[PDB]
Amino acid sequence: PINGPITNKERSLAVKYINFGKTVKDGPXXXXXXXXXXXXXXXXXXX
Amino acid sequence: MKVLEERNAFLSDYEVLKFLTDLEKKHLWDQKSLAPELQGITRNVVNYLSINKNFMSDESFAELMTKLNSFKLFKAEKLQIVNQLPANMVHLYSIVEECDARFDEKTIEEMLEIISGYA
Amino acid sequence: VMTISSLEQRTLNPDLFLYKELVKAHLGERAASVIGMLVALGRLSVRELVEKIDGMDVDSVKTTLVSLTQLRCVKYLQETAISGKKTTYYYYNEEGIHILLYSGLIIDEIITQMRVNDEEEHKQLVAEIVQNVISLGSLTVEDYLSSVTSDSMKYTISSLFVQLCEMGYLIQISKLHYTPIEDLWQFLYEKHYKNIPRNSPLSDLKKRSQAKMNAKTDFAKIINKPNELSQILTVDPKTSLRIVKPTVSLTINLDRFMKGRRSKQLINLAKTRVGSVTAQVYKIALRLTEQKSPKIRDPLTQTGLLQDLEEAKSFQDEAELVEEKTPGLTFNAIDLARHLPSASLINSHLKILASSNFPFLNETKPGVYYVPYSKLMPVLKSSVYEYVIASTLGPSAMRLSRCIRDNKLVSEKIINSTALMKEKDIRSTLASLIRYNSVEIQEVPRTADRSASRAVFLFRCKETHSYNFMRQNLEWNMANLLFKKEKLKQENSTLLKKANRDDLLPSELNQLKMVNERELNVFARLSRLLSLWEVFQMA
Amino acid sequence: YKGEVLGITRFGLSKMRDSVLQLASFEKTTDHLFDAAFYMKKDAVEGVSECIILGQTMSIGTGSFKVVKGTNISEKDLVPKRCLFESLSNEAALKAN
Amino acid sequence: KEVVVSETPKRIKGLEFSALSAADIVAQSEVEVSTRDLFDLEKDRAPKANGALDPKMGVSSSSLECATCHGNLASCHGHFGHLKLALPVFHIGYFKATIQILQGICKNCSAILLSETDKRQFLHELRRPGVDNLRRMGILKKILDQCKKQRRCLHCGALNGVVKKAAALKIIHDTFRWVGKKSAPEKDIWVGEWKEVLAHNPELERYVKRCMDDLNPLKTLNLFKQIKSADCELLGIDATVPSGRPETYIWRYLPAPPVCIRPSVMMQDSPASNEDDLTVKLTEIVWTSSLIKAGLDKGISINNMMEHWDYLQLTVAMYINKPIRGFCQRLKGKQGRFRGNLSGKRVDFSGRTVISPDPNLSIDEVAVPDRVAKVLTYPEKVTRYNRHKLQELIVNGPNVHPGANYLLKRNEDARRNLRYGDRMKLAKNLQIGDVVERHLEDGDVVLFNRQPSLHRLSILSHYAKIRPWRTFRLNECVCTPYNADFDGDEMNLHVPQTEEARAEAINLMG
Amino acid sequence: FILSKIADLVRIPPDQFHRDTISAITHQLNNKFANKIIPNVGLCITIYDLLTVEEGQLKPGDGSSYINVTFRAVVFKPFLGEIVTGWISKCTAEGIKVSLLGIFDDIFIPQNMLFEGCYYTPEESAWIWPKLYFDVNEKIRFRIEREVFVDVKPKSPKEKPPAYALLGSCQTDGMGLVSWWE
Amino acid sequence: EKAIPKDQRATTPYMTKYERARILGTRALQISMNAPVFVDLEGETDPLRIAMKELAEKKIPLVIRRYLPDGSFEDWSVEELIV
Amino acid sequence: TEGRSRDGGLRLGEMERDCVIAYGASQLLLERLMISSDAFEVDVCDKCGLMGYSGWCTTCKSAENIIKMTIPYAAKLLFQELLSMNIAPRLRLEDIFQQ
Ligand SMILES: [Zn+2]
Ligand SMILES: [Zn+2]
Ligand SMILES: [Zn+2]
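Residue numbers (the working numbering), protein chains in the order written: chain V, 44 to 90; chain U, 186 to 304; chain C, 138 to 676; chain Z, 2 to 98; chain R, 2 to 511; chain B, 29 to 210; chain L, 11 to 93; chain E, 76 to 174.
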């Protein structure tokens, strides 16, 4: 409970949180062959 | 009930009156033979449509394309200018997006003179 | 009436909907499908995704697969059968969605604890660097270094890179690091059951000692592999300064992020019970010793196997002795007022932190003093939990909670006397206490053998049940919080799209400030109860 | 035919048939209703005594076929042309720009 | 305005058995009971207001405007509402299954106590594409007896005993058969707890003991709120989540039945309005419910409220299961019993009479007396042909044999019964789309029946006829199919309705 | 106006057997939609053409003819932002309600995005601008902006009626009266 | 799902008595609904007896449709069927 | 009802019921045991298969997905009995037409 408009620092952290989320949504370029143990998945990972 | 698609090829209002004249011609053809529940849209359409351009054609319609071709006005504006506010100044200012913009002095006046060549 | 009270969504989604809610904000649609189904049905197979949902077969599955792999949202395992072929089963991976729920909170501690330097270009630099890390989910050094602009200082961003490895935080990508704890234990359990050349059928109990002891030492090398390794990071070729391996990639870690907030919980308890100075003296100690302190990592053997009835302690105390070992042996000898941003020796301020021990810390060995990570948790869970009832209900609810915790399992006879004042109001808050669990009810009749009324009653124990009810506070708080924030989007979606294209009118700017207000405050409420939940996830 | 001799008795009447209503019809009362709810059975409404409950048609005898009369409409008159549509519209944006 | 409505023929495929959880009933709620007891009567003209019985719930009388809908008995069917029950009162029928769901689950973690490959093997078993129902009962048994032998709890730490359900409707899990003469870590705390008890008052504990531990309906409901997702399949519950998983097996809400379930039994030899047993049940529930609701924060004590709440589970278990039984019976005990011989009813448009011979009637002909032919009707739709003669049947009157007792216009009136008057001019219009019921006459189709049916030759179909006196007379050529010795036995008579079924009987069953 | 493409099943009685199929299906389809509103596709006016028609089936207990066909019906909606002629009808203090004679009176534009100086008066004077003003019986050009769709309540044989409703924003100069120009 | 061509059929060329029950029933029901008649009608009453007369000259414009277990459909005309 | 002084009727037994089954007549059974005795209509929705009043499915308010059909009164009565006890007598529908 409690709270309210407290800790402007946390507000800045909240703003950053929103900004980081927006960058992920905009994004989907290599990814290479990494960690794939499946030949079927590795073929699809080529593109 | 099942729908096979959102929207087919765009139909403006010309042939509406033309093919509702066929719906006219079929049942009672209104005013002439005056001497169900389809009367709702029947009397409604023909009244609003015709009264506009009075105070139409056959060939010149399909021949109106000529200078309406070279223009980049695309689609949304194209089938729209057929009826509303023809051939005076700020009339067409509203309908077309970006409006005057690119070409101003002469070329747009070529639109006014030809759409004034309607009636 | 009208259902707007949200009674519809209230009953049917404990845990569950939490996961696919967060990934919905992350991605949505197909992404929420697979994970949501991965939870409900648990262990899942590639072909099995197609059968259930009819999810647009093989177009979405192969797309979502690699999408969940880069951010490692799925626990991957592959094996075979005695019949033949091969099989690949997926699990819900650790908590990777909680990290997505974290995000900037992690980067917060990253920025804040990166000082001992002073207000440098580091702020705008690593903010761009770290945000590129978590987003992609994996970062190779060279390909990332290629993203840096040319004709400038290349080691400016590498001024802190080898400083990103630091002590905790970012570590290297290694092999099987993502893997079910149950499965890796079983896979490592091979060469143990398998090992004997028809030795001898004597003392069957020696097969126990054989497999176990050999598994424990093989388990230790695996878990300590990501923990501390100086090979890759400390590489220092000539014609330069220390530079991390351009080949080996990196990843963030649970180590010092889960530690940083855990210390805060200790600080909040400290600061409450002592002065601001004492909290600082206790802080400078924890900052140096947090590296070798298991803390959050404590059980590490718990998930994936049995404990015992008999041998439970012989398991537990085996961990407790190594929880005795490392803190006692390794940790720092007495220092004097190390650096800091009161002259002479500050150990006198430790002595006032010494003479007063209860509830917490102050465990001393001759020659060396340190805070136990074992006996500290019970008094840590006590305080915070007691403050919860303090916040939610009035003062009356508090007093009775400990009254049951002083002695154990007694009737209302000595309770009415020894509690505070009045019968009727006690019965009132007794019903409010017994309202949701946590005191249970006793089991015994008075000379009726379970028959009828007037039997004796007692209030007793039930810790975990008085725990898990704080685990129900996890999702359903954040749920409506995040949901109606997301519902605030689609409602204003027509406005937001107009705002984005603009980046006019009196009333358009009004609702623009509206949502932004609600946005800010709702994220502040999120992080609030976020810190509350994190302390309740253990013991 | 099932490979074991059984049937005609309430203990042996449940072998093949998965229909709960017809089995609760002949002989049973409480169990089959609660048992099917427990195990969350589905099955189908197929047989005769099953259909006479819901009050629908039968899959045997007279109802074994579907009666049809066929229109046999021509494939010619079905298609008219779009009137004064694809002429002016598309050719307007395709000239000079 | 007035959005279009479309329709297509729909059959039925299968059903789905399950338990509605907490979403439906509150959303299925028209009104809320509240108040308490009585009938919740208004004291002026004595109607019902809110409470158990109420205008917008259902209608027990001919007028009774529903206000949810209109047209009363001839239109409205039934409406649903809910009831708030203080505390999660226990179930009745699921009680047997509630022991099983409480069996294979940890009391420590409130989680499944199985281990690795075991679970992995069984999870593969039931997912075999074909399965018999017997396979379900076999494995769900097996997996349940597998957790019996294991004395060791997994992660979540220490453990407990089994649950034998000792008592009724009282659940007690006895922690028992601990390792003999072997000290447990929990036992040292166990015996340590009682040492602080017997110290204060040694009298009572030694007097009676060894009752182990029970489980209250409230805490076992909170014990079911932990396990979600994971595997409920081994417990017999598959989740496509229309429902909230087995939190549903304990009563919280309740589906208060409409007045279409039970009405107020009409009149008496003396004027009055009488209640039915089911009405008394749930209106009593609101009392014993609100009893706990009212006193919490104000009065009473610990050990009083208890048995009253224990009395609540006795009421509901009695409610849905001078019998005083209002529910579980009428479903089980309605107009039938199976000894191997069932019971049945509902044959309309029929007649019964004795037998008598005749040489003159050809086979497939059966003579029906005109006296019972006056009350025996049949539907006829006049089109293009009947127009001539049927309009003459109208003016004829419902007295002589060739007449019509009813008329139905295509304009959909209530109905036109022609006895009381009219006729005459009414036969002048007679539009094509109407329907008129003519008296039974020659050239019709009627099926013959005898009550003690034996084989396929029992039910037959013949032509009808009109003759004098009173009797059912048929050709003496056949005494065989019905086994007719005459002697004045009884014979059934059934007349079809639609043209379809009529042509079906004579052209096939003939 | 626009042309929708939909499918449907038609039941033609024995009475229409004397005429031709295409003529029978026509009348039936006219009794189906006509003035009625079709969900989410907009409002429909008339019927255009008939396609795909195949052999119709027959159910045992009727004797009628059930045919499942697809056809393209003419519906109504210009597009998101189109301006179209009309005029007001009624009023209160919300905003003006413009009715296009020949389709519906459903169009209503409240005053929010309208010119900055517009206000309603209880004085029975409709509206005022800081230019001039107008009233009923005079033509009005209105632009479309927002569109909403809702379901329907059960019919009651002998308010919330937004079956089909459109609203817009007229702030761009030269709207509402056509005699300001010329 | 698709219809088997008129070329080859595994179905018996004759008709079941159950089929005749529906035919006379169906067609006669259409008569009460005021349909036309393709056969000469002598003066008489009822839909039933004029239906049997209609089948005598085989004027029924109906096509019998049968189903196999595998859903191979079928097509059968009443007129072509002989008994 | 049964007997006299109220009104009459007749009896179709299960012993007799098999006889009309042995003839293989479906149409006769549809008229006699449904139309001739008790004819009733029940409003049902495809989703959350249940019974309801008018155009309301109650618990879900749609009126879009509700389909009205016919069904014996004994059925509905049996359902209202079952459903009030804890069980789900859910119903799902499919179209006869369209092949
Ligand atoms: Zn009603
Ligand atoms: Zn456990
Ligand atoms: Zn519904």
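No lab work stands behind these hints, which were simulated from the structure alone.
There could be a bad hint or two in this list.
Reference listing, derived: stretches of chain B covered by chain Z, where coverage requires no fewer than 3 residues with Cβ under 8 angstroms from a Cβ of chain Z [as the list claims (entries may be wrong)]:
1) 63-72
2) 88-95
Interface residues of chain R toward chain C, partial, derived using beta-carbon atoms under 7 angstroms [stated by the list, open to error]:
3) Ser-22
4) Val-27
5) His-78
6) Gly-79
7) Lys-143
8) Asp-146
9) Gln-147
10) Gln-151
11) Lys-226
12) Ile-303
13) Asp-365
14) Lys-410
Straight-line Cα separation of at most 30 angstroms, DSSO-like style, residue types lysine-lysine; simulated pairs [said to hold, decoys possible]:
15) R:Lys-142 x C:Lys-450
16) U:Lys-187 x B:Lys-188
17) Z:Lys-77 x B:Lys-60
18) R:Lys-97 x Z:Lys-43
In this text, a Cβ means the ideal position worked out from N, Cα and C, and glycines have one as well.
Which of the numbered hints above does this structure break? Structure breaks hints 1, 5, 6, 7, 8, 9, 10, 13, 14 and 15.
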